[PDB]
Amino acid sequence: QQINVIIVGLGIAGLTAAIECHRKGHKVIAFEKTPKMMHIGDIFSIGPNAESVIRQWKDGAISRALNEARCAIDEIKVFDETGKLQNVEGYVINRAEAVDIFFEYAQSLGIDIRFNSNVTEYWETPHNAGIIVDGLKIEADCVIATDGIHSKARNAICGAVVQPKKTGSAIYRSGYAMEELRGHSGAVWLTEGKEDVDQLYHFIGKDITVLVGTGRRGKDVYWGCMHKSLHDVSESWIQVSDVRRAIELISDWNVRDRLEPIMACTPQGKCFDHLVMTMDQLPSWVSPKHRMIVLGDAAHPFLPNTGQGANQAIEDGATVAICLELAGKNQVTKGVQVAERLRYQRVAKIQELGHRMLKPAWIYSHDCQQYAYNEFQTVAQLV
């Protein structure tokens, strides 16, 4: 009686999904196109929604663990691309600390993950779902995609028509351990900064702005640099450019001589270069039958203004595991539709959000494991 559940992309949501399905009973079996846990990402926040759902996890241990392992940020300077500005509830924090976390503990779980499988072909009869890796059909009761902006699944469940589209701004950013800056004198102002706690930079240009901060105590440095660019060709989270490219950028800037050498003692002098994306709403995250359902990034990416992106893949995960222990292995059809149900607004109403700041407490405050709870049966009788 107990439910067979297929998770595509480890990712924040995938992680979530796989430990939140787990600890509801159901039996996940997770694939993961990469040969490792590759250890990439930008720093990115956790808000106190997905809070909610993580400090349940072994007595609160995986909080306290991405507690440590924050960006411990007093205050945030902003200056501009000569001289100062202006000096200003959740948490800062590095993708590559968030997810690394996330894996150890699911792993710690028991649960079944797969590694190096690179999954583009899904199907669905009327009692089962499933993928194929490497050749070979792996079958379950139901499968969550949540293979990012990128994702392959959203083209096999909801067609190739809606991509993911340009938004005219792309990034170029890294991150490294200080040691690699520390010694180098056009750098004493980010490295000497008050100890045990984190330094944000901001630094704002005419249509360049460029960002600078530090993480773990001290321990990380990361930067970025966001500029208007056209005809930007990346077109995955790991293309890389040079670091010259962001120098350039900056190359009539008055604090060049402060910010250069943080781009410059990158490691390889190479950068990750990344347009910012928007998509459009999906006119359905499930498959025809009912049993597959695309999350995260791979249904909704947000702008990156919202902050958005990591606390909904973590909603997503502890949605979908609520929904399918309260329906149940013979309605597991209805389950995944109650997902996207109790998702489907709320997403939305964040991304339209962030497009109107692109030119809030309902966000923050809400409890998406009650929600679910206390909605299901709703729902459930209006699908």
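The term rigid core refers to the maximal set of C-alpha atoms that superpose within 1.5 Å between the two forms. Positions refer to the first chain, counted from 1. Compared with the form deposited in another entry:
- The only C-alpha among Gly183, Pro283, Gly110, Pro126 that moves by 2 Å or more between these two forms, given a superposition on the rigid core, is that of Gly183.
- Residue displacement note: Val210 has its CA displaced by at least 2 Å between these two forms (rigid core superposed).
- Relative to the superposed rigid core, the position of the CA of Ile138 differs between these two forms by less than 2 Å.
- Relative to the superposed rigid core, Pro261 undergoes a CA displacement of at least 2 Å between these two forms.
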Second form
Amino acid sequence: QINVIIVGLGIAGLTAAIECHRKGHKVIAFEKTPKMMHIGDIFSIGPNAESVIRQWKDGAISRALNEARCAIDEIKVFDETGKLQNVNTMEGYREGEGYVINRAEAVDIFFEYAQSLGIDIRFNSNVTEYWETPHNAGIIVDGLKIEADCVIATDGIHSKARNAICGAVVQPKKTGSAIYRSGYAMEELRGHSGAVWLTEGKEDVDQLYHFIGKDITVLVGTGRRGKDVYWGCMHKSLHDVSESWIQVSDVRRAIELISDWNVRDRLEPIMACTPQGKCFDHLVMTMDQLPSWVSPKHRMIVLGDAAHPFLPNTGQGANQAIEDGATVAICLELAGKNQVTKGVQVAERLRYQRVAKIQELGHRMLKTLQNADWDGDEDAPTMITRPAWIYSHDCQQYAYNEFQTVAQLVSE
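I've shown you the form deposited in one PDB entry. Could you give me the structure of the form deposited in another entry?
Partners and other molecules omitted; one chain follows.
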């Protein structure tokens, strides 16, 4: 039986823990916060991650995500003047495909499942020290050495593990954009006469709007059939007021960003009714491609945002974190106890080029999105591209199919 240490329990670490446990490994998982604590905005989980999730507990996790979904039928795309420019379908996010869902709700569902499986989960563990030998690897918690066969570091874009595992040459860096993200109860908004366009007449169907202007994108949506309201704002900034870490926002700053938008009259009420503490902001950070995700003695690997952050317009960060977790569990299973380092190296090789291709697509799309060149549809600004090579990929089948080939190359 393979002993795995997992550090960081966001989507990446929770998926790795669940999948490692399901594939028969013994997991010890470490988390810095006292309990799950996530921003209550929304994110999307597409089919390439649903094919992992659908296997858990005879579909009960998928059904719980489905119950909690934003029941969105279409995306309405406007320019900054308020002109409707495009209506997109929700292909990839309809029943049985995928979900737009409250982030904290989804993490709670994953966490509740991981805990139900009996996985050893240790909160209040801020991990900074890693070590490995030819024979084992582990961490240092409270001056105590914890040993395992391998360490999976899924501690996010500000990973402390990454310096230890990959060295410190490559660091996260500012893109020049920043983001406001918010979710709150619709009861706080409904009654505002400037919000009737959102709050009335929608007959139990959730909404999702994109407002695309030069260097500023605003998104507005609802969840749980009108019970929750969500909004956010990604914008290119000349002088930073946001930081590389997340902060609670003063929403009055976001209102000023759209001061020159004709539609501001529609959007200001949604921002202004945000309760104190329910809007967050941060710089949009990126990172150059790491030469390697794996430690010199091949027992430690960074996965998730610690290894390959994506621009938020991609909508793939959580999906690829889920693919990473499912993949590493398989590589360890196929490698077996006596060749754990081979499994770690195969896991990196299986994923490395795919995630880089997704990162590069996100960078190209962000440029078009922020140019907002509405005159000139395959040239139009959009957050929506659903290429088959992303959405039809089955990471588990890929790992089972390619392991032997890739392992042979690793072994030589």
